Amino acid sequence: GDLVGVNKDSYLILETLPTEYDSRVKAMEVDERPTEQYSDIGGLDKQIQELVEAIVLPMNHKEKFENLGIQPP
Amino acid sequence: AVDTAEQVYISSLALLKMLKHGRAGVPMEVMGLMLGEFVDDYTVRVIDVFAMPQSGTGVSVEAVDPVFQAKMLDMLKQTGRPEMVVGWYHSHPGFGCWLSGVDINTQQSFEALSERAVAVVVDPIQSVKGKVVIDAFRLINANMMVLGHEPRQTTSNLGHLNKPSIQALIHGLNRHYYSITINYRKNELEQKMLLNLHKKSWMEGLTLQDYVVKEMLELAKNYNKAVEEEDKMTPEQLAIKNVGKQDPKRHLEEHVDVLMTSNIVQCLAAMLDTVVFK
Amino acid sequence: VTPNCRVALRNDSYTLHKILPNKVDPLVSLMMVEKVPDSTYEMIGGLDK
Amino acid sequence: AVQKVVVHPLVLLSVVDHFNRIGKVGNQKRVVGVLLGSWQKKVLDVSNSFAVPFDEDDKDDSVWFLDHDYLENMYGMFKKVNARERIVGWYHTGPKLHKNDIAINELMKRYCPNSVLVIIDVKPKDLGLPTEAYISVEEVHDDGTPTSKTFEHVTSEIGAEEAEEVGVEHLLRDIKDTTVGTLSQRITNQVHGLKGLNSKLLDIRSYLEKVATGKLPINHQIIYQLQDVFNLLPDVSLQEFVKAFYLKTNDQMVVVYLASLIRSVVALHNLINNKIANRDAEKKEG
Amino acid sequence: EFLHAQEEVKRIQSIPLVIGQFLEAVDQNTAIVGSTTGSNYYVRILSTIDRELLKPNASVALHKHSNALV
Ligand SMILES: [Zn+2]
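Protein chains in written order, with our numbering: chain Z, 1 to 73; chain R, 1001 to 1278; chain D, 2001 to 2049; chain C, 3001 to 3286; chain L, 4001 to 4070.
Quick caveat, the hints were computed from the structure, so don't treat them as lab data. Backbone N, C-alpha and C fix where the C-beta goes; we use that ideal spot for every residue, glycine too. Possibly wrong hints are sitting among the right ones.
Residues on chain R that point at chain C, a partial pick, calculated with CB under 7 Å [stated by the list, open to error]: (1) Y1009; (2) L1013; (3) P1053; (4) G1056; (5) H1251; (6) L1252; (7) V1258.
Next up, chain Z with everything else stripped away, as it sits in the complex:
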């Protein structure tokens, strides 16, 4: 399932294309990254806390999880 360069004559697999960009997905990747600090989230600050303990710390420190030694969420 790859885009490859093939000779018209010998029909030899010549090179791999650097053009496998994948329509819609690579367009689904949000590259702008709009800003939102946590000052906008008013009223769900406990959900900010369990949110960070659930999600943000598995990105940073799995040693926080696996020196205790169970699993990430």
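Given chain Z's structure and the hints, the job is docking chains R, D, C and L with the ligand onto it.
This is chains R, D, C and L with the ligand only, laid out in the frame that chain Z set:
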């Protein structure tokens, strides 16, 4: 300053290197140079068709290696004969062997230096013995349309080259192109030895080899009974009483002569004991 | 030149060369899809009106 | 262990035009050259070769000339057209040999697993075979001397590979495919009877001249050993093959029964519709 | 030349035989054949085949170049 019906006294090895150059010359089309001798005006001869490297990039005028030219002719100098080029060959083994759009450029690119430089088109993948697709063309040009394009001086050679005149875009390319005549040389200095190795080789070699015999006949006699009941359905098919039949559907033969020469082989095969022994 | 009749066209220069007297559609595949012959009236018996 | 090769007569026709070179370059009589090819099997094919500018002193016959301008860079050309068609051996004309040949083999055994010398024929009038191979052999003796290297009679043939008869069988312009039983068998009768029994006269040249003037290979190791094979059936008066005569009733049994019944069927074949179409053509003419 | 005619019939055959289908027949030994290439042809057909074997749109053998019913 004058136009004459030409002729190509061909070295059989030319066509040999073309049938190798198209047989092994995988039908991705290729290009070469033709190495003969400009003998005179009303004929020309080829004495050599040499080989080209794997130019698997493209039929082009740029595919010629001039150091392979100079070293090639140099290797003709350290061998006996340093003959002269007369033109160029190429191969069209895939399609119906007609003049490609590089030939319409590299022809006058080559004959700008040469005199004639006749094209060579080949396709050995046409047939095995029946069709001999050798092909050759002389590019006439729009400069020579002042005179009519009629050499004609000896005729019936281009009258019998005129006898086919059937290739689709080439019939169309009557403009800019008139072919050349190619006979085959009286090659009995080699056709003699191709004959003597031909029949000294291809019939039991030393010929004390067949002199298989009778289980072939066993199988052949079961053939030569097993078709005999359906061979004899034809006299039932001849029982039309008055007339009711078109062409007799003659299955009389194909089983006479098989028995004939096959059992000539069985009876001289019966002789070979009293022939070999005494 | 008959309108919508078919011809024999060469591949040479597409020279309009011969004209072919023909029928056009699947006519063969179903045009002649009859039950040919069979038998006579004697095996009917009753629906004669 | 070589039975046969496939011989393309293309570069044999290059032996023909180098046979045209030697008639006009001078003193060099014999056409000597170097054989390209590829070992695939015991069967082999030769598709190309090349003919060497070679000289050979009649005094001290082992004086070779295989130029490496002529060898190496031409092997770069012949490699450049095809990586497959490299060397396999070499050739020269004459039937027997050349006091230099063995050394000329060893110049290129550094190039090939088995550099073969195939002694070739420019003027075929032969009673036996065409060009024939000679493989690297070390048979020596039961003696324990230094190793013999003279390259022994290892059978070959003229094989035919592929189509190639768009030229060839157009250039026949004479010959017919005989449906054997149409004289081709008696052609083989003349060639194996005559061309076999004059080779038998070469064998009385052997077994008379060796009795006369023949030294050490008079009875080296194959004469009595194949006097065994001569002693299949050489016997005196009529050799008395008493098994072979009612065994021959079991033989001629078959041929005369097939000819009898089957040629009576041929009597139907010829006779019956010969009469029908005969008298249709005869009295239906009126 | 009788044998040349006979052997000649099958030189260009049986090795790389393409498959099309019959369509129609105008006249003797020349007919209309559709193809598995997608297009239709009107080609000269042989004297080899029995003439009553070409009722349906049957699977037929043709040459690449020449495209002849064999
Ligand atoms: Zn070409």
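So, going through the hints one by one against the coordinates:
At a threshold of 7 Å, the smallest CB-CB gap from R:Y1009 to chain C is about 14 Å, leaving the interface hint violated. Interface hint status for R:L1013: upheld, as the beta-carbon distance to the closest one in chain C is roughly 5 Å, under 7 Å. At a threshold of 7 Å, the smallest CB-CB gap from R:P1053 to chain C is about 5 Å, leaving the interface hint in force. For R:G1056, the suggested interface contact is broken, since its CB lies about 12 Å from the closest CB of chain C, more than 7 Å.
Proximity of R:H1251 to chain C is violated relative to the hint, the smallest CB-CB distance being about 10 Å (cut-off 7 Å). A cut of 7 Å between beta carbons decides the hint on R:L1252: the least distance to chain C is about 6 Å, and the hint holds. For R:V1258, the shortest C-beta to C-beta distance to chain C is roughly 9 Å, which exceeds 7 Å, and the interface hint is violated.
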